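Take a look at this one chain, the form deposited without cytidine-5'-triphosphate (CTP), written out in structure tokens.
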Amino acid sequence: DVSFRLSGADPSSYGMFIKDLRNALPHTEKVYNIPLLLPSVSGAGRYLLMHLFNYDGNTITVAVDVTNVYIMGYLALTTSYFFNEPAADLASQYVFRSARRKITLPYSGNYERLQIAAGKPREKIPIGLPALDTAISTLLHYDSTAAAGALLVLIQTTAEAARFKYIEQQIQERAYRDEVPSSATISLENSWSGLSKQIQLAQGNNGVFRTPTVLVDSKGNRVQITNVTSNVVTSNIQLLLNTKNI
């Protein structure tokens, strides 16, 4: 398990949490020196538990699939909550069995569906450590509409920060003031699977991508990533989705 406490949190302690998150995901290979996540994992070892504590010391426990860093569900007090998707129903066979009831949320976990449920795109939702503290608090008491927005915050501040150093830095910039994500942030999120694929295809292609990846950069301009000499590859992405899962 890994843990993060918002009480007394600062950029450093958040850094230590994102480091622990990355370190808790198993891999046997690196590709261009980036951890390659496993194709699969059977049983309860598929899932990592993150204990998150809000400023007042109340906690939720979040279950994460270690093969793709997807949030499956969470436990808050004696109630479990899982996305409405087959992967989360499967996870419910292994985690939080001890819950007194199990609620299935009325959406799946994908960005599109969560934004519909929340009533807004994540271009308009501020993130940062204060937003994370709010999200933990929202998730303590069921309200599905409010939960959608909180899960957009939670996903971005945990999983997406684990995947990209740039996003981790963005959250560290927002330790004491929330701000909506940069377009660069949105772009990376949206490209994780594509990048993960093209970095893997690059291995027998002289480090050259088969298909370019289009990103928005830190200045707002759209750019093409064509090979592993790009900073995105050398100095940003921290985890690769296995092509077996793409």
Given for the second form:
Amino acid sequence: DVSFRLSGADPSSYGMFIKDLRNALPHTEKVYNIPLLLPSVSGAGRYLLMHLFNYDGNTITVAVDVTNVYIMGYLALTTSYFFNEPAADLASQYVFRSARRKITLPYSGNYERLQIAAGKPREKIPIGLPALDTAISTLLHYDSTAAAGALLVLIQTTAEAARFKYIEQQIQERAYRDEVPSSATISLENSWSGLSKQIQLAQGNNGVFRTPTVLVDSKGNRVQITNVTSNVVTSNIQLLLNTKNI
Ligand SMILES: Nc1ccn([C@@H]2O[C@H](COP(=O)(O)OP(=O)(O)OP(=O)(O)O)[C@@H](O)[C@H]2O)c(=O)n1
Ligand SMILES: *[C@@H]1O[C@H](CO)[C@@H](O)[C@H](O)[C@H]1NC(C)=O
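Return one more block: the form solved in complex with cytidine-5'-triphosphate (CTP), after the form deposited without cytidine-5'-triphosphate (CTP) shown previously.
Then the entire complex follows, led off by the chain already shown.
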């Protein structure tokens, strides 16, 4: 398992957590020196548990699919909560089985559906360590509309930060003040699958992407990524979604 405590948290301890999260994801191969997530894992080994504690020391445990870093569900006290999707229903066969009851959330875990449930795009939702503290607190007691917003914060401050060093850094910058994600952050989130695929396709193509990936950069400028020499590949991305899952 991995853990993170908001009480006394700072950019360093958050960085240690994101490092722990990355290191808990199994891989047998690196592609251009980036860990390649496994095609599949059978049984309970498929799910990583993240123990997150809010400032007051209350806790949820979040179940993460180690093949794609997707959040499947979470446990809050004696109630488990899972997304309304087959991958999460499958996960519910393995994690949080001792929960006294199981609630299936009234949406799947994908950004589009969460944003609709939340009533706002995540362009407009501040993220940061304070926002994560709020998210944990919200998820402690069931409220599906509020939970959608909390889950958008949670996904971005855990999974997306694990996937991209830039996003980790953005959260570290928001250690004591929330701020809506940069357009570059949004872009990277949306492009993780595409980037993962193209980095893998570059292996037998002299490091060249078969199809360019369009990103928005730090300055808000839309740019094309065409090969593995780009800083996004060398610097930024920390985990690759296996093409067998794309
Ligand atoms: N059960 C799930 C489902 C999705 N995700 C998150 O959402 C992504 C997968 O679907 P996503 O692209 O978010 O959904 P879309 O609706 O396609 O998002 P958008 O339309 O905003 O691009 C993953 O990378 C992951 O970060 C998750 O954490 N847990
Ligand atoms: C590869 O990407 C680099 C850096 O972004 C760019 O300058 C260059 O034109 C690209 N080279 C090829 C061969 O595609």
